[PDB]
Structure formats: structure tokens, C-alpha cells
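Below, in C-alpha cells: the form solved without N,N,N-trimethyl-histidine, a single chain.
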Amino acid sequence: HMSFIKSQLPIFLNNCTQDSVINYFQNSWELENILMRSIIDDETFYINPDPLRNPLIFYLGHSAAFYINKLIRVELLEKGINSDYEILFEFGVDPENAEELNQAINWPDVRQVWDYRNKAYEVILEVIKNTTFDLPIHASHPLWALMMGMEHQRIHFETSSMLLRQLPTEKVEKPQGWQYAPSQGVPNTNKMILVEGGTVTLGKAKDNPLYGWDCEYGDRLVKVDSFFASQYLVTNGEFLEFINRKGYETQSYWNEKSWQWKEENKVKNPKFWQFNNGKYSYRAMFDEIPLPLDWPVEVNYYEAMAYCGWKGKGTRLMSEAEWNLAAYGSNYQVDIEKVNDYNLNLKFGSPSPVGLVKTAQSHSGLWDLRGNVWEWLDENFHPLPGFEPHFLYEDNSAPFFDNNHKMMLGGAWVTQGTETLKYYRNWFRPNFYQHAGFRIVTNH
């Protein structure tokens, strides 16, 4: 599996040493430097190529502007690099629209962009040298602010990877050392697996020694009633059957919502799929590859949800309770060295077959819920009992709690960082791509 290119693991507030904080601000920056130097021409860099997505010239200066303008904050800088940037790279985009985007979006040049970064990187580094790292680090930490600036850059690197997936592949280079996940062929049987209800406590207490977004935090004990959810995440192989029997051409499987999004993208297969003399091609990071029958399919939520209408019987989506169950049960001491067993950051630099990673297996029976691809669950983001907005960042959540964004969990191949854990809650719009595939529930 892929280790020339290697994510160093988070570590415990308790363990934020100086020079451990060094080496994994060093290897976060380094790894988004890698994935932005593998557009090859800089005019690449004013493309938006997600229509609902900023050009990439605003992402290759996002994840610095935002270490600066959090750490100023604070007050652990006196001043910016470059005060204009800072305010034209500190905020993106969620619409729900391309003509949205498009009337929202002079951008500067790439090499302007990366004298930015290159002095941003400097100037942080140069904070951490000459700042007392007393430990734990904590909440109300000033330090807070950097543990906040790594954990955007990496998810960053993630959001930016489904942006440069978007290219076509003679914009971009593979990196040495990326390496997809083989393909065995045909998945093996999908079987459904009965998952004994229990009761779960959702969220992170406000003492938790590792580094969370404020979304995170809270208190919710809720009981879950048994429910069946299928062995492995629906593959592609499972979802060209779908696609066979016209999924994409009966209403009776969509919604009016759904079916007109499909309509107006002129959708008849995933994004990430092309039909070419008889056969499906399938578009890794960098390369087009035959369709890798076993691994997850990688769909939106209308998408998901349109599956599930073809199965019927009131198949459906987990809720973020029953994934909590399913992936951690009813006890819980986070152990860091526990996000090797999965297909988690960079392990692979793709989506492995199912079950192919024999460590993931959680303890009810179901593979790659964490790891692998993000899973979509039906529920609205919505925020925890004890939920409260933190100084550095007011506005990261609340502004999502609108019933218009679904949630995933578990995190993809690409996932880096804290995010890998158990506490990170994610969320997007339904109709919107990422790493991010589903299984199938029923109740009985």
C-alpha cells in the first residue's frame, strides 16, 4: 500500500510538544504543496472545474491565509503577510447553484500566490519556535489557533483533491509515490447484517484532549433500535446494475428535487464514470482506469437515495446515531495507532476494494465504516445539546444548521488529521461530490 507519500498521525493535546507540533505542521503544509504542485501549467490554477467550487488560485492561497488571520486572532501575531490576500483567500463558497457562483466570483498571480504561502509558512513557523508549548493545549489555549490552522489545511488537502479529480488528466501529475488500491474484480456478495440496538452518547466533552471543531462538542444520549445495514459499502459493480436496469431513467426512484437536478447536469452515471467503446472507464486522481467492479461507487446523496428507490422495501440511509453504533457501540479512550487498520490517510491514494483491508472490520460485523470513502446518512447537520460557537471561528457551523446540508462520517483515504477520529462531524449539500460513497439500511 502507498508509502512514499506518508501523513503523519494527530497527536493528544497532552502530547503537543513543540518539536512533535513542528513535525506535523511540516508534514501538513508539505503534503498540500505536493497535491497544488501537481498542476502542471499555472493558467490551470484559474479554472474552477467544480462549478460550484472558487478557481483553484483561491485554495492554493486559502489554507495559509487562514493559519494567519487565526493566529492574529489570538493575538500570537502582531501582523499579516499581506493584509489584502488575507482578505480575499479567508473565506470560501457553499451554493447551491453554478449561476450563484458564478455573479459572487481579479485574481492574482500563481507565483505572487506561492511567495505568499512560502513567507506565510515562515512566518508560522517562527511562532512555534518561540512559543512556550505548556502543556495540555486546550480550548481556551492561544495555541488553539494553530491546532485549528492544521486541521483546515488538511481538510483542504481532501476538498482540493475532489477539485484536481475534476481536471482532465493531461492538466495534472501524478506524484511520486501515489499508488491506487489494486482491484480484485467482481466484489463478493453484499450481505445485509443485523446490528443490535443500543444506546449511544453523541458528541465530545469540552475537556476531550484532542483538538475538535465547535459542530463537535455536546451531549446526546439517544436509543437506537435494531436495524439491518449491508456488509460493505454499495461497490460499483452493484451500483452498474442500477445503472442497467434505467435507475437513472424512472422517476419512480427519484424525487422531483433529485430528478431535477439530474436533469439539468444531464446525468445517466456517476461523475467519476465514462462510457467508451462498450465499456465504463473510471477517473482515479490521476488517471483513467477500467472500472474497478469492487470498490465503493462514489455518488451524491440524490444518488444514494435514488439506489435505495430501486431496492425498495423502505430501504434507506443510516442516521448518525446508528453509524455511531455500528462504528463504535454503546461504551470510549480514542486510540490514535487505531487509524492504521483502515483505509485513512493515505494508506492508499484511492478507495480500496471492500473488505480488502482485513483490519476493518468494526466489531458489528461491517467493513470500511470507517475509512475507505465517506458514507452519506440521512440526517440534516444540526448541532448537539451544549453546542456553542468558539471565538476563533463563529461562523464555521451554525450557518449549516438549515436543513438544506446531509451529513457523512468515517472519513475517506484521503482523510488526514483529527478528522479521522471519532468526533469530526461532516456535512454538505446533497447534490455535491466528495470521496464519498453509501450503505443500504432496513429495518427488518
Contents of the next structure:
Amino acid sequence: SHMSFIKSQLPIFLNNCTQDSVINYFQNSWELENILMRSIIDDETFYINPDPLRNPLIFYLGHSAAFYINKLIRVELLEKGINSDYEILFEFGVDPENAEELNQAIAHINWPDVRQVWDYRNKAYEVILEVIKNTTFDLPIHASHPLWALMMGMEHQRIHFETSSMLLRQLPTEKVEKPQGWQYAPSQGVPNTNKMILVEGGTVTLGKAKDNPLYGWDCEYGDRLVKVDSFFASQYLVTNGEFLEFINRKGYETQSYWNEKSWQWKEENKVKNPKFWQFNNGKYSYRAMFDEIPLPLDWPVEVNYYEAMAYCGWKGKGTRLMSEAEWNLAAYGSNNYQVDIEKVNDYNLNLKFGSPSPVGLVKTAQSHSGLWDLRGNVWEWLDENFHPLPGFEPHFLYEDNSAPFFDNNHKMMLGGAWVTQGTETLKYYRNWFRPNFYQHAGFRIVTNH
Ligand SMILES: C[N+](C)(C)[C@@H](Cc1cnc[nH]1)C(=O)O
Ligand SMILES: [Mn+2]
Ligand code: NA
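Show the form solved in complex with N,N,N-trimethyl-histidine, please, because up to now only the form solved without N,N,N-trimethyl-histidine has appeared in this conversation.
Next comes the full complex, this chain leading.
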């Protein structure tokens, strides 16, 4: 048994994006985000920015709606917006290098009332639904079709369901209410031995073809052949129990496992353990979305990139993280691979659970290479600076989606998490974050020999 009462619709091929199917997918995208945002009990909590590097929650309540409107205006499927001031106020978010830069940016913003932003959402929903009902869906949809703006808006909303869930997780438990049917994975369980598996080397082609019949973001496209040498990777994501051993061996107290930049981050934030653990009465509790529970020892540990690399430092002996090409080889092999959307059901993706799961519990989630949960459970960090593939081109609808972040200051992560939905659960999505940032994200370890 797994989570069932809250359901996320699978993504749809562009050749099957009929008006009726898209109506259902749109309604589901929006209702899911509504369920998440309604879990905040008190409206005053929307003026908190629980992550010090992101905007207050009120911004994210409006932003998904404003983005749909702004892109539909840009392709001229909408002749006017709903509230021009809000379309500007909620237009774009933030990716600051530090909390002081963000604090300076948000210091003098007059935010609307929570009820006014909910009213904006409800009006936007009805305006977009009417656009859908009054537009011909001439199959197939594609990147030069006006309806690309709608496809982009729905994936953007599902991405913000995921990133907003990480903000609500940073609120105190007394400030949020678990939605009916939210179901965590089973949590008792000591981890099994995490064996190193030889991944046979081969050649991969990274990227996505322009006429592939699936919505994707600009940075997904291009074509890059990479020869990948054989390498060893741990069959499981590193677990909470494995990371607890690192803590007990003074992992956060030993400079040689860190570097000057990551140690500085650790000291500045007085970090002694992963973000969502707390030590009390001699033992660690763990913060799931809405509840504190005993630390689930066999779940994948959730860390930022700095902490993943510090664990690699403790392992020593050339222990490292995979590259993007190495993850692709392990997850999809060397094959014109035809995505099968139904396979999303085989991994802890798309709200199969409302939490990470024990490594290996989902019995269909072993890739052919032998590695477990390459797809799903938690994103996994990669030692790969976010970068374009040959053939990359920004899209007119969102020219700065990815180009600003090809800056050697963002590391990549791939594969999707329990909370990931839409085309972000499939092969081509490329994800990236500053290395100090927290997501529903872990890692596995690699050695060359
Ligand atoms: C690709 N990530 C997940 C890093 C992006 C997704 C995104 C949201 N709005 C525009 N892009 C981010 O969170 O900034
Ligand atoms: Mn956004
Ligand atoms: Na994964």
C-alpha cells in the first residue's frame, strides 16, 4: 500500500494533448497546488519566508497563477491579464547568493492580503479554463504552437508544488495541517548493506530532439555524445543510518572532509546534522512534511551538495559524485530510447508516497544497471556544473529560464523525488541548484576503482 487519496495525473504526450485530456491535467495541476497551500493554518504565516533564501510564502501563492497569465499574454492567447500590478509583483522569483541580498530586496515590498491573492488565483483559474475550452487543440502540439505557453505554465506550477513543499517543511509543525490522505512511507527498518556496483562503461547521447513529442524546457534540448568509462556506484542512495555514522565519527567537526567554502557555510549556519533532523532526549527525530517522527534509518539522507561532498571526504579513497553522463548511463543505458510514461508508476515519483521511502522498498525501482532509486525517492546531486548542451536555444516565451545560471555556481541533480510530477518525472528534465540549497534531495557515492 502507498499514498492513494491524493492523486497526481501523469503527463501527456504532445500528440495526445486533446482539449479534454489537457483540461483534466490543468485542473489536477491547480488543485494539487491548492491542497498544499491550504495546509497553512493561519493567513499571517504567508508573510513568513521560512527559507531565508526564498521569498515569503505569499509570493508563491500568487506566482504560479501570474506565470500562466503572463505567458498566455505573451503568445496572444489572452488579450488582457487579470491584475496588471499582481502580474508584475508575482512575475519572477529569486536565487540569491545570500540571505542579506534577499532581505534587502524584500525589505520595502507591500504585499497584498492573503484573501486578495486567493481571489486572484480563483479568477486566473477561470480565465485560463475558458481559454482552454475556446481554443482548438490541433494535434500535435509543439514548441512553435501557441499552446506551448499553456504546457509551460502547467509544468511551472507542478515544479512550484515541489519547491513550495520544501518551504512549508521549514515552518513549525504547529503552523501547518496535514491534508487528508497524505501518507508517509513506512519508516521502521535498519538499512541493508550498501554494496558498490560496477556500472559498465559505454556511450550516451545527452539532450532532447526538437521534435520529441513531450513538453520540455529550453535547457533540456541539444545533442551531446559522451564516452563514459566504467565506474562503481553504491546500489542505494546513502541512508539516514549511514549518514548518522558519519556524524558519530565527527564528520561535521573535521576540516579535512570539507573545503574552505563549504566549511564556512557550515560554521555560519552552526550546522551539526542534516537540516530536518533534531537531537533531543538522546536521539534524533526527523521532520517529514507535517510531523516529527523517529529518524527513519533506511530512508535516503537529505543533504545539500556541501554535505554530500563532506561525506565523500570522510569515505576518502577518491569517493566522489556522478557526472550527468554517468547518471544517464546508469539510469537509461546506451540506447532513440522511447519514454514510456506509465513507467513513472515503477518509482517513488508522482506522490506514490508523501515522503522518501526506504531504499529498495519500491520493488520495481531497480534500474537495469543494478542501482536502486536512480529515478524517484529523492533527487540525487551530481558533480556537474549546470551547463548548456550543443544545440541549446532559449525559447521566446522565457528567454532567461536557464541562461543566467550557466555560471559555474549551480550544481545539477537528476531523477526526480517522491513529490515530483509532470514531465519533470521523465528522462529529459535537467535540474540545478546552488550547492548550499535544500531540496528533497540526497546522493549516492562513486569510486573509479
Ligand atoms: C529548475 N529549478 C527547479 C531550479 C527552477 C524551477 C523554476 C521555477 N520557476 C522558474 N524556474 C527553480 O526552482 O528556480
Ligand atoms: Mn517560478
Ligand atoms: Na534518485
